[PDB]
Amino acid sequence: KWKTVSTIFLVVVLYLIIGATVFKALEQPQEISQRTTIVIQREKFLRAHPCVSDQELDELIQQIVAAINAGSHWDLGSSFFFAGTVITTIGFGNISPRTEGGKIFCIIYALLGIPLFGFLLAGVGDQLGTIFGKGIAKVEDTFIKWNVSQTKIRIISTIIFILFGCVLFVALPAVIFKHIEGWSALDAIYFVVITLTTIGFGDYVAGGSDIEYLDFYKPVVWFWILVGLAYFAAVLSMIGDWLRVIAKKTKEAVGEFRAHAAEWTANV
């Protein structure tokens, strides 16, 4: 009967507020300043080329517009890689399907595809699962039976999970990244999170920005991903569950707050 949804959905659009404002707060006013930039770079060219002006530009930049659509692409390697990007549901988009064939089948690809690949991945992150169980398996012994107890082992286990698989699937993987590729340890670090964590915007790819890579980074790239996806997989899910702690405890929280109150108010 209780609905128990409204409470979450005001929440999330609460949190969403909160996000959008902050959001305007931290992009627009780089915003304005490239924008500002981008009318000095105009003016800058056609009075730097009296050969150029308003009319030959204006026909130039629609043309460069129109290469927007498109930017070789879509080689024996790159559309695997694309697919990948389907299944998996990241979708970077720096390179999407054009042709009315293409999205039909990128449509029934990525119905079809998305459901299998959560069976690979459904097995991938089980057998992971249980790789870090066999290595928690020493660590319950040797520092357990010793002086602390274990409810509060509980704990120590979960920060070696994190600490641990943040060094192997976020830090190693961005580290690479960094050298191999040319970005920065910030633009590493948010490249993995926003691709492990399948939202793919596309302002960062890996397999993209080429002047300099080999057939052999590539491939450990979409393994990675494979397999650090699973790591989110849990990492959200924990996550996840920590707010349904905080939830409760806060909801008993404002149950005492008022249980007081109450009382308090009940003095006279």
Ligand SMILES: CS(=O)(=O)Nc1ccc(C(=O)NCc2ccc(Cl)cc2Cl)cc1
Contents of the next structure:
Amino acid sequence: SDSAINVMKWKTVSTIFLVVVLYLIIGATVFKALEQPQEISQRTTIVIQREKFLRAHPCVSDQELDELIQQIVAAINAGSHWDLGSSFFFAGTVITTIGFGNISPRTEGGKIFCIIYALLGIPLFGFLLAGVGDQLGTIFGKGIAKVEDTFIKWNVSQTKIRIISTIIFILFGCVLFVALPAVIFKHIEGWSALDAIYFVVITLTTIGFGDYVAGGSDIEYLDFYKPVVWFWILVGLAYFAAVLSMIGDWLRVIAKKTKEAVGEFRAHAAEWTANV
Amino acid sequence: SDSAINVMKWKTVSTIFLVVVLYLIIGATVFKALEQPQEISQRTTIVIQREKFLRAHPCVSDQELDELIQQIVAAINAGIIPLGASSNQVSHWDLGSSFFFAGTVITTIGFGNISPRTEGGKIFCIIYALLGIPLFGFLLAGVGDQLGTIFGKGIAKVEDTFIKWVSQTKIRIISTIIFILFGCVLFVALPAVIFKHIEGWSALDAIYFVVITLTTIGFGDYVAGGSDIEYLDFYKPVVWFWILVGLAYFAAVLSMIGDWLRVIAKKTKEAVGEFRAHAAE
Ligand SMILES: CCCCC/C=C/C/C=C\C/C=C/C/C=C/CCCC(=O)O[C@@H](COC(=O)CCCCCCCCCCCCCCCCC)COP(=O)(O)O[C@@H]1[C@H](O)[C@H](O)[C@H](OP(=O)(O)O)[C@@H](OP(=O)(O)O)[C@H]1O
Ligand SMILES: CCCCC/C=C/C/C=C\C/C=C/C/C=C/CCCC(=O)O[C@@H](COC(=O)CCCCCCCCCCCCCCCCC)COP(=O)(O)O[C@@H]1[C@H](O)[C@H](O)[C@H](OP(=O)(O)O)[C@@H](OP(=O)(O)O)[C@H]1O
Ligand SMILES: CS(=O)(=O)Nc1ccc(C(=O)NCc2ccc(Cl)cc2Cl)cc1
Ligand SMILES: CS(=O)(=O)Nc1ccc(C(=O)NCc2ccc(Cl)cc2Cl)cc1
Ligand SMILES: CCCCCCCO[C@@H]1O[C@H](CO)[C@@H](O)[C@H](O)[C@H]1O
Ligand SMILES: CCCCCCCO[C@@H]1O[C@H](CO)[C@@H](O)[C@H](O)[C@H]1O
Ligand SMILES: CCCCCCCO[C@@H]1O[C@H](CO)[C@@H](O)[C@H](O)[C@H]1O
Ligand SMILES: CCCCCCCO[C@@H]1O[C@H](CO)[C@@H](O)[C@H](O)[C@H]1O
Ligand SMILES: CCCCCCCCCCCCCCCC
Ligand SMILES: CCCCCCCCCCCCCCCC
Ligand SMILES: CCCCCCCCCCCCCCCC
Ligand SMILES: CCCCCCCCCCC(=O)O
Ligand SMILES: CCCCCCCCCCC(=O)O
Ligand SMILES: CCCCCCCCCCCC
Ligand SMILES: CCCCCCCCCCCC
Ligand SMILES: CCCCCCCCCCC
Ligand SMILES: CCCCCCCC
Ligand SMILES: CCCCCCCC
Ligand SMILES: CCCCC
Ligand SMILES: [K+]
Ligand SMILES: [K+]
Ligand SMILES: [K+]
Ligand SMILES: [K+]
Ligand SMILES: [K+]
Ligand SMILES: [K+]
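Shown: the form solved without this ligand; wanted: the form solved in complex with this ligand:
The complete assembly is shown below, putting the previous chain first.
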């Protein structure tokens, strides 16, 4: 039966689907809980500042403010943004798919080029990213040969030390790829420590909201900085790929276990009930 | 020779690196050529419009205008419509919008129109993304397999009816053509048509929207379901479904293009090698 495996397949898809739907619903209610408040407080104090500027500058007629805001809002759909260095940064947001959005094409032909550039660029960057991941793979692999030698000539031995190696990968990786660059970002951009870590995670997972962008204010920057950020992008993307990938394996495991716990729970509940 | 393959490896990485640098430079100069002009023309006519209300209201402190615009622009990120003729509004963080938000996180499309402002919305977003992205990847994998089989069935029937006086490797060419063509109709063209009519976007803006969304670049300059229009609410559901299946399809296509570049790379390596060896007799 070719249909029988395909039924077992669709069974699995359907259950992961519903778990994802469930993940979205829980997420939606937690986000709403956290943000609908601030949205209300930001809306009332925008309405305050509106009236407080009609009166504290009486020269402005109420009708011309509405025209001023239209001109501002219209020009937000535009804003130099497109110098060589910025347009290079733009190209990086395309091929990495971080896609921050602070800058994006407005011209019919900038958009047509972006389509072509992305379709060829994303796969090309993927090869680089793969190569870079392999390099980091070996460098870390050397380092865990040396720490599965020195810590396997004394204390508690095989299979529990798999757990220790992965902890060192997360801890050293978070220092090198999250913490250290967050420290720099805090000092150089003037972001809070939380905003910087948020920035790191939103950028390296490639979510890339664009609410924060390193090198993105009109600050003066030492031009070692952007280069170093580029390098961090290259290596941070590989590291987050690996980590995201690890978490996937953890969910695969935890899924096996929850299936067995439900099965235990059934087997025992049953021969409790049969015994009656 | 564990070091020998690793040396050959680093050699290849270094060359792809430089090709990528080169790809970025060419890209940068083409984008600049295409955008820097309009940006200059838009900046001079913004400075024009500035003067017509800078000096037609001199009693406004005018350094304080710059502070007013900062407050407006800052509050556009939240998404205020600070008008008296439209002072009553919908919320950006109602359940359906905050559900959409969660989708932009786990897919990593991350459009950015909406994004947490609270210290704790940000802390949740970090946790939510680290667990969510891997979870969605399993779904996306499963969905890809489904489409895999459904198309595989369809090419059993079209590699049967095309059994005329045909080989094992040349019919791979026909299958891939039908995959691009049918896929572009179902996952790019058709939804662009709908998007054009429902959102009022140009046909180009819609296709741009499709490609920027399904590659997961997700600039956020365009977002289906993003205006305060009307919307039938068959619509967003259908868009959700298109996201799910469009992401799987673009994954596959992006993956194919990668193979084509792997091919063309073998060939250019041999052409350069020929060109070297012969060197005009
Ligand atoms: C640490 C910070 C604290 C935060 C809280 C932290 C909370 C914990 C962290 C994250 C949330 C949890 C995420 C992981 C999901 C856990 C739920 C259960 C695992 C799962 O997901 O559903 C599984 C098992 O469900 C069940 O029995 C029913 C139970 C479902 C509900 C259980 C509880 C989950 C709901 C509550 C928690 C999650 C909600 C979200 C939490 C929100 C936090 C923000 C089914 O699907 P299945 O794919 O496993 O099916 C097999 C298998 O998989 C095989 O191996 C083959 O293949 P394959 O899948 O390996 O490829 C397949 O195919 P075949 O053999 O049929 O051909 C097939 O046999
Ligand atoms: C309609 C629109 C069309 C517009 C026209 C646009 C037309 C062009 C279209 C798109 C962009 C360019 C396509 C042409 C190919 C470019 C890549 C150059 C080939 C290359 O790489 O060097 C080759 C051999 O070259 C040389 O001797 C040096 C010559 C390099 C410079 C030659 C021209 C390329 C750069 C300039 C022209 C293109 C620039 C981009 C133009 C922008 C257009 C928007 C050896 O390969 P290798 O040692 O580097 O390593 C391989 C390889 O890298 C493989 O392909 C995997 O990666 P990958 O590079 O393909 O991504 C790895 O896989 P693995 O074995 O590691 O697992 C590994 O096998
Ligand atoms: C918005 S802007 O008009 O001010 N222009 C710029 C913004 C950022 C940068 C820059 O290079 N940032 C480092 C960087 C590099 C590559 C990638 Cl993918 C991401 C990042 Cl964060 C340059 C110009
Ligand atoms: C303008 S708004 O920010 O105020 N609110 C909303 C904006 C958009 C949507 C929506 O459902 N779009 C379909 C959709 C679904 C999931 C994903 Cl991942 C991407 C997309 Cl395009 C809903 C609310
Ligand atoms: C609105 C009702 C439409 C019902 C469509 C049929 C639903 O069944 C499922 O359709 C999948 C897609 O082809 C199959 O692959 C699954 O094996 C099958 O269980
Ligand atoms: C590891 C932390 C590294 C942070 C280095 C911080 C140095 O601050 C520098 O202060 C200068 C004022 O004298 C500014 O003009 C420079 O733009 C700025 O870079
Ligand atoms: C004169 C020496 C050749 C210089 C040509 C410039 C390009 O770099 C070389 O391209 C090769 C592909 O053929 C790589 O895979 C090599 O490792 C690398 O050295
Ligand atoms: C199927 C072949 C695809 C195109 C590859 C042609 C290779 O020839 C030339 O190689 C040079 C490198 O030394 C480049 O400088 C030229 O730009 C390039 O045209
Ligand atoms: C409607 C306006 C269309 C503008 C066309 C934009 C296409 C520009 C493509 C530039 C091609 C780069 C050639 C380099 C290939 C080696
Ligand atoms: C020498 C072996 C490879 C070294 C790997 C990089 C280590 C440095 C950590 C990353 C430093 C950049 C962080 C600051 C980015 C703004
Ligand atoms: C009505 C507007 C016409 C523009 C629509 C886009 C057509 C060109 C898209 C690019 C197709 C070539 C893809 C190249 C694959 C590497
Ligand atoms: C890995 C070392 C950095 C490679 C990228 C160099 C480009 C720097 C351009 C900085 C800028 O955006 O002006
Ligand atoms: C991944 C599948 C989730 C689709 C659930 C349908 C919800 C659509 C929301 C419609 C609305 O917010 O008005
Ligand atoms: C100033 C400290 C910021 C706190 C950042 C914590 C991020 C969440 C930790 C849990 C990771 C899954
Ligand atoms: C054959 C079943 C449906 C095929 C895919 C439909 C997705 C396109 C809908 C686009 C909505 C904007
Ligand atoms: C007039 C519309 C023509 C549609 C072309 C769509 C091309 C999609 C390219 C994705 C591989
Ligand atoms: C200031 C409160 C931050 C903690 C929020 C935790 C959400 C799970
Ligand atoms: C297996 C070869 C497929 C042919 C690719 C080119 C079709 C445009
Ligand atoms: C193919 C598994 C997906 C986890 C990110
Ligand atoms: K990706
Ligand atoms: K992405
Ligand atoms: K993105
Ligand atoms: K964005
Ligand atoms: K945006
Ligand atoms: K994005």
